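Shown below, as structure tokens, is a lone chain in the form deposited in one PDB entry; questions about how it binds or moves come after it.
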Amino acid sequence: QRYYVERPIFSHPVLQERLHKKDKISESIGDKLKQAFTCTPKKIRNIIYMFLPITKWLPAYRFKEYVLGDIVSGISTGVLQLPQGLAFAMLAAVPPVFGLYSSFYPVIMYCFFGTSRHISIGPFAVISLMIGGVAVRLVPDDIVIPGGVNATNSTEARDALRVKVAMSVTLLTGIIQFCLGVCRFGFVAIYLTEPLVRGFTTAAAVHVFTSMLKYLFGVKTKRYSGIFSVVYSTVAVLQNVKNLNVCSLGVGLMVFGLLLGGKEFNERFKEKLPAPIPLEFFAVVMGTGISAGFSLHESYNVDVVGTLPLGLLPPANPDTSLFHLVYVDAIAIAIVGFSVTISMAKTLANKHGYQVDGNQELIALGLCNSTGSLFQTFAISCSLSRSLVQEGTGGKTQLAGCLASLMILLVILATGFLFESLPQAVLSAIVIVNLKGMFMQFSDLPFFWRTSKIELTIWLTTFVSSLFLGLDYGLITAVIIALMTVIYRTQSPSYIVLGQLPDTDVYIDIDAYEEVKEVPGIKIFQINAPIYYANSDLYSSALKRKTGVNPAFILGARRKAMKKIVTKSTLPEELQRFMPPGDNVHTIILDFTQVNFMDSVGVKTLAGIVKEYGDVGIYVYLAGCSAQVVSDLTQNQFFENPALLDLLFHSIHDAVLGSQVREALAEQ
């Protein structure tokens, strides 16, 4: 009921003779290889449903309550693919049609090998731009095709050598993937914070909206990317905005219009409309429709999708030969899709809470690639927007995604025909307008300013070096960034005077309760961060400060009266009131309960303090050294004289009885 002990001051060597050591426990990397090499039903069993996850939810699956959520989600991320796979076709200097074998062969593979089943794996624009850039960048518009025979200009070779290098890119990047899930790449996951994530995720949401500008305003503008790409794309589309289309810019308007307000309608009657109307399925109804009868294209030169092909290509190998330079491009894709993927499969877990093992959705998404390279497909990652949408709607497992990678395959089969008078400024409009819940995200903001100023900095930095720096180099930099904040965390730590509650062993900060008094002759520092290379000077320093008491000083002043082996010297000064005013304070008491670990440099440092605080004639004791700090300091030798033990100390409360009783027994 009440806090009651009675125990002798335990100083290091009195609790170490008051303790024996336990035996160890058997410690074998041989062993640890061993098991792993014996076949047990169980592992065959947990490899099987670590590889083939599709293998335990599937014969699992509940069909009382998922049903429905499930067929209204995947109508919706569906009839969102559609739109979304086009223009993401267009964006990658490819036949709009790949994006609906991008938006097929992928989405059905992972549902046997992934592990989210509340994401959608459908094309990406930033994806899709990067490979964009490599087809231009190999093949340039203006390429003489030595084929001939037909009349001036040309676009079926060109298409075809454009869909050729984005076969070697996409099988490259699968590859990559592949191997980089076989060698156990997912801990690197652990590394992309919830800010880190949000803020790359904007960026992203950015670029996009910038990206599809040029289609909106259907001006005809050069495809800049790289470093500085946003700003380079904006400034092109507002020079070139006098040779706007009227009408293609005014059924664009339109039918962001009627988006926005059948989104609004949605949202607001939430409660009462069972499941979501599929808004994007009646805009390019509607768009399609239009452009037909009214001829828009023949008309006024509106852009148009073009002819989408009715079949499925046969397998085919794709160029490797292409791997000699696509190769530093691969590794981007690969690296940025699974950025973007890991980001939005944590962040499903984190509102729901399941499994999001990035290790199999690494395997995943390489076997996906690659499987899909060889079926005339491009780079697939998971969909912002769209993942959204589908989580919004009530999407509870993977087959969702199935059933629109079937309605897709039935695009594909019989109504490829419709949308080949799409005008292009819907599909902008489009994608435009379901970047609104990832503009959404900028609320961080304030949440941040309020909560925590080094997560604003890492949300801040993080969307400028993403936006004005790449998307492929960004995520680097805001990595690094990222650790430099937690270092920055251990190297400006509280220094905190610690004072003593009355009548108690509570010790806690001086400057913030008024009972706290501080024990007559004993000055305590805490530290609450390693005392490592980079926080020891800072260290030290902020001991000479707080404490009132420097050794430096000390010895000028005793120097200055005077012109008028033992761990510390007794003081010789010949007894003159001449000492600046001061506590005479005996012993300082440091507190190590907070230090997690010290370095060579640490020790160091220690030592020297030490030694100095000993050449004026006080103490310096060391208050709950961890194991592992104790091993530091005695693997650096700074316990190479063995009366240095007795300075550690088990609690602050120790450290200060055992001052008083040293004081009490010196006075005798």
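Definition used throughout: the rigid core is the maximal C-alpha set that superposes within 1.5 Å between two forms. Residue numbers count along the first chain shown, from 1. First, how it differs from the form deposited in another entry.
Among the residues 67, 58, 48, 36, the single one whose Cα moves by at least 2 Å between these two forms, once the core is superposed, is 36.
Once the rigid core is used as the reference frame, the Cα position of residue 274 differs between these two forms by 2 Å or more.
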Contents of the next structure:
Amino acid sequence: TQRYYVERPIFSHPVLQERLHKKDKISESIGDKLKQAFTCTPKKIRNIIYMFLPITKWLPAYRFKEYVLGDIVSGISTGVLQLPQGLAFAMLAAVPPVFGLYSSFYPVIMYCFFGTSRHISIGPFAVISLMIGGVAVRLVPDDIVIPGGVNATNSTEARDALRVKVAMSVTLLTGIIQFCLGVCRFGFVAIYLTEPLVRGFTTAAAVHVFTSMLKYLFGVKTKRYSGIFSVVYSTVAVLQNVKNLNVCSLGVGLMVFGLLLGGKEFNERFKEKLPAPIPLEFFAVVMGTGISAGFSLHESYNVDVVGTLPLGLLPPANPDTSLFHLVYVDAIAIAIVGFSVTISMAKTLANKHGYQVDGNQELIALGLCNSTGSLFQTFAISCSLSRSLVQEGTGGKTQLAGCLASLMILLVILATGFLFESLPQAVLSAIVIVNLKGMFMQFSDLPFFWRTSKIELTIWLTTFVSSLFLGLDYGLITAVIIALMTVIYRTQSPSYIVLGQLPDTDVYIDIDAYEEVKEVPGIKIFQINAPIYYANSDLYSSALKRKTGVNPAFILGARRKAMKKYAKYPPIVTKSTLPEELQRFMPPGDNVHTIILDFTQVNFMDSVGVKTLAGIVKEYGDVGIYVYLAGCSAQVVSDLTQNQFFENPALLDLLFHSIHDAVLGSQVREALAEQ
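What would you give as the form deposited in another entry, now that the form deposited in one PDB entry is on the page?
Chain alone follows, minus partners and molecules.
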């Protein structure tokens, strides 16, 4: 009507090509673009400093008026949750518990200096601690009888110190690997961690942490498992040793568990203006240690206890390097899983607040944290998932909440430690299990991805199962590979639709979707929303033949049967005119004379796709049906040209700019044929 007036000639490929002339587009010194900048410009230097060491821009652009309160409250809460988590993951690392406080202190300040994620908290992260403990057990097994010299009982201090040394070596190697990956721009790999992949992976990690804390909650001594089917073995071992437990350890653990669930529900449900997310975990830990000490619980009823915490800050003893030959593989595994968890949580919390986390810079910061921690008697670190959620939800505006947690841990390690000596391990297990609630709430993503899109649900469930039953490392690798497989599947099951023309317009849409579209007579239009490549070409050809209802093989068979019933410079022609007897013995099907293949949606093709297109064109030409490509893009035209599809026959004339151009060209030649 009033608008959209075109009045333009028929643009086949040769017409549009002769209409317009190419440009130069060849810029000089291309491919060596970054060689010739290398400048000492102040802006570039400040940008590099901002990118490597972001605290140069964190501090000056600080907003006191509200961030002071936000970070104060969030840091208080996150350090409160940090102390018991650090202790529990330390005792789970087969390392004396104070090294958990060291790991909760040093890497936090190092990340503050070098990290970019606003809402993140850095600590032991029990699965990393599990791998560290498995390595320590492997290198320093329990049965080792060392000639100490005093000829006394087999004190565990020597074995514990050897395990600590193993932890130092492996964590230093992970730090070095992480830094080396970070400088070499490996953080780009963090783009393959989808949202459902991250959700499933973190939920599997939460299930791992739960099944790990089970054995301390029950007060049961069981053999430590690590590797593949680790969670299954841990759970079955706990259930096999469900007998001979410690009834009082369960009593205190479940008591603090129930009171802590009640407190969390009280604190979340009854949210008001002035009330803040009270530090429940500190109350839990102080009541637990008070009950344990007042009732002599460790010596009366034989409950497992944290034990003695050697006070003071130890000097930076340089670690050994001769255990790398034995720990390189598990150092690689620890570094990979730590980076994956850190970037996954930093990204899923950056999505909520709209800021960009550089995966490479996260990797560099995490590696430097791990290395300096190894220098300062610290095992490997990562992002604590539950503490990250707690710091985010409480309103941590900057990294200063992490700093506040670090200084509270510093207070615990310098002044106190007399106090938390008599603390049941059940209290720590209950605290960790309760704080896994934020991770466990991610199971609501199953109905969501069921309604929204089942490919994302498949990614979620596959990541969850693979990451739960295998380790987080192998589970993560297989989950990423399968998430990438989903794209191949999505290009392997396209939507082949036959198009029909909206009357007296140029709009071509699905014939069997809107009933106001009547396909133009004697023309069939095919349309695939996928690239035509090796994993897709045969399906595309078969679908064309099936859906258009025009199979050249059946047509040739019909010609042969009709003939049977009748018994009563280059030499190139791309179109064999039909030498039929001009009879009706063939089935009275449609009299289609051309087929238009819509390549607007076809992103690319490779050699197999071009071969199958040559086959399609040749077959339909042999039967007597023209084939037109419509809307071929420059990428697709180049992919057709590189392969020997245009040996300059009248094949460059089969291409048209759009579907309507192809329809009009076919109608024009059909009218010309009647002349």
